[PDB]
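K.L.:
Keeping the supplied structure of chain Z fixed, place chains H, S and V upon it in accordance with the hints.
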Amino acid sequence: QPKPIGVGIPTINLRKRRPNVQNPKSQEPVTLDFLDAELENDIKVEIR
Amino acid sequence: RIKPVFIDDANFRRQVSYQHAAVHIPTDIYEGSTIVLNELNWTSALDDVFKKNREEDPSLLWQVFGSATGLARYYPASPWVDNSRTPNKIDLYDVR
Amino acid sequence: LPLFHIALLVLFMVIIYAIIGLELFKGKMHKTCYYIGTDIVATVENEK
Amino acid sequence: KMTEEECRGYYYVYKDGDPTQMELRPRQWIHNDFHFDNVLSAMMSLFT
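Chains as they are written, first to last, in the deposited numbering: chain Z, 530 to 577; chain H, 146 to 241; chain S, 194 to 241; chain V, 962 to 1009.
Excised from the complex, chain Z in its bound form:
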């Protein structure tokens, strides 16, 4: 899908976020491995 790959659990701190300061959004690529887009056998590893 057209959405950034996630890492870990997100934890935001509301109490530290000024209302109008323009925090950056994202710059990472969408690098989704093959063995993480399907169910992973022992045969699909050898095909990969």
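Please note that the accuracy of each hint is not assured.
[As the list claims (entries may be wrong)] Cut-off 25 Å, straight-line C-alpha distance, at most; resulting in silico cross-link-like pairs (SDA-like, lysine to any residue): (1) H:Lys-234 to Z:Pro-531; (2) S:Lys-241 to V:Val-974; (3) Z:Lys-554 to H:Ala-167; (4) H:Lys-234 to H:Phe-151; (5) S:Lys-224 to Z:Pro-553; (6) H:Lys-234 to H:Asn-183; (7) Z:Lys-545 to S:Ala-235; (8) Z:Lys-532 to H:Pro-224; (9) V:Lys-962 to H:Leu-216; (10) S:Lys-219 to S:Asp-232; (11) Z:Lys-554 to H:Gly-211; (12) H:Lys-234 to Z:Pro-553; (13) Z:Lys-554 to H:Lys-148; (14) S:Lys-219 to S:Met-206; (15) Z:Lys-554 to H:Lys-234; (16) H:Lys-234 to Z:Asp-562; (17) Z:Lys-532 to H:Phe-151; (18) V:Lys-976 to Z:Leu-543; (19) H:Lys-234 to Z:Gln-551; (20) H:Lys-234 to S:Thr-231.
[Stated by the list, open to error] Here are some chain H residues the structure puts well away from chain V; computed CB gaps all over 10 Å: (21) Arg-146; (22) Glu-201; (23) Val-226.
No lab work stands behind these hints, which were simulated from the structure alone. No residue lacks a Cβ here, since even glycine has one placed at the ideal position from N, Cα and C.
P.N.:
Below, chains H, S and V without anything else, positioned relative to chain Z:
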């Protein structure tokens, strides 16, 4: 400056102008240095190649020259998503 | 040796004014203008 | 920026010293208020 015509297009879900190339300069880089005004002077020769590339294959998406001084000259011309200060969302995009 | 009585008169004026201010302004400077729902104290460019 | 030809354009300032909370400010070549250019200004500065 240039005041572009900006037809609305598909293959780009926005309004583009096939007449000239647009230029992006990082927010904290003065456009008016001698270095910047010398890149805008010799990169102007790219627009004929931009147009000829696009006329040989009309299904072509962005073409960009990203320069080592921070500039990015892309074709076709299309307004940047963020004006730095006209809305309250400032942009940090460096081609480098 | 002569500056004794003057110092003994200053030590009691400081002690009297400490107690007066302790009576009047004790525990009054403890609220301030935070941003709403946040722990970032709100000020302007040169305002302490 | 160290000369007047460089001190043009905009720049980012970071509130609270936080690299994710910034603001655009036009940068300007500012002269001090008590400077030493002529002897009248130097005399004012030395007075203060």
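K.L.:
Please go over all the hints and tell whether each is borne out by the structure.
P.N.:
Verification of the supplied hints:
1. H:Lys-234 to Z:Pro-531: Between H:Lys-234 and Z:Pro-531 the Cα gap is close to 23 Å, so the pair holds against 25 Å.
2. S:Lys-241 to V:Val-974: With a Cα-Cα distance of about 18 Å, the restraint between S:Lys-241 and V:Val-974 holds, given a limit of 25 Å.
3. Z:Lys-554 to H:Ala-167: 24 Å, holds
4. H:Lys-234 to H:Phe-151: It holds: about 23 Å lies between the C-alpha atoms, which stays within 25 Å.
5. S:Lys-224 to Z:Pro-553: Violated, because 32 Å separates the two Cα atoms, which is more than 25 Å.
6. H:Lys-234 to H:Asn-183: At roughly 29 Å apart (the allowed maximum being 25 Å), H:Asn-183 and H:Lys-234 break the hint.
7. Z:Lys-545 to S:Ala-235: 12 Å, holds
8. Z:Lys-532 to H:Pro-224: 23 Å, holds
9. V:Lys-962 to H:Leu-216: 20 Å, holds
10. S:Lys-219 to S:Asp-232: 24 Å, holds
11. Z:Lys-554 to H:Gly-211: Distance ~22 Å between Z:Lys-554 and H:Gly-211 Cα, so the pair holds.
12. H:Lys-234 to Z:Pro-553: 10 Å, holds
13. Z:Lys-554 to H:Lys-148: 30 Å, violated
14. S:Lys-219 to S:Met-206: Holds, at roughly 19 Å.
15. Z:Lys-554 to H:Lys-234: Holds: Z:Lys-554 and H:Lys-234 sit about 11 Å apart, inside 25 Å.
16. H:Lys-234 to Z:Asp-562: Distance of about 33 Å is beyond 25 Å: violated.
17. Z:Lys-532 to H:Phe-151: 29 Å, violated
18. V:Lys-976 to Z:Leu-543: Answer holds: V:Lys-976 to Z:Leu-543 is near 16 Å, not above 25 Å.
19. H:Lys-234 to Z:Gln-551: 6 Å, holds
20. H:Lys-234 to S:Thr-231: 21 Å, holds
21. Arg-146: 17 Å, holds
22. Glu-201: The claim holds: H:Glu-201 sits with its nearest Cβ about 39 Å from chain V, beyond 10 Å.
23. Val-226: 16 Å, holds
In terms of the numbered hints stated before, the structure departs from hints 5, 6, 13, 16 and 17, listed from lowest to highest.
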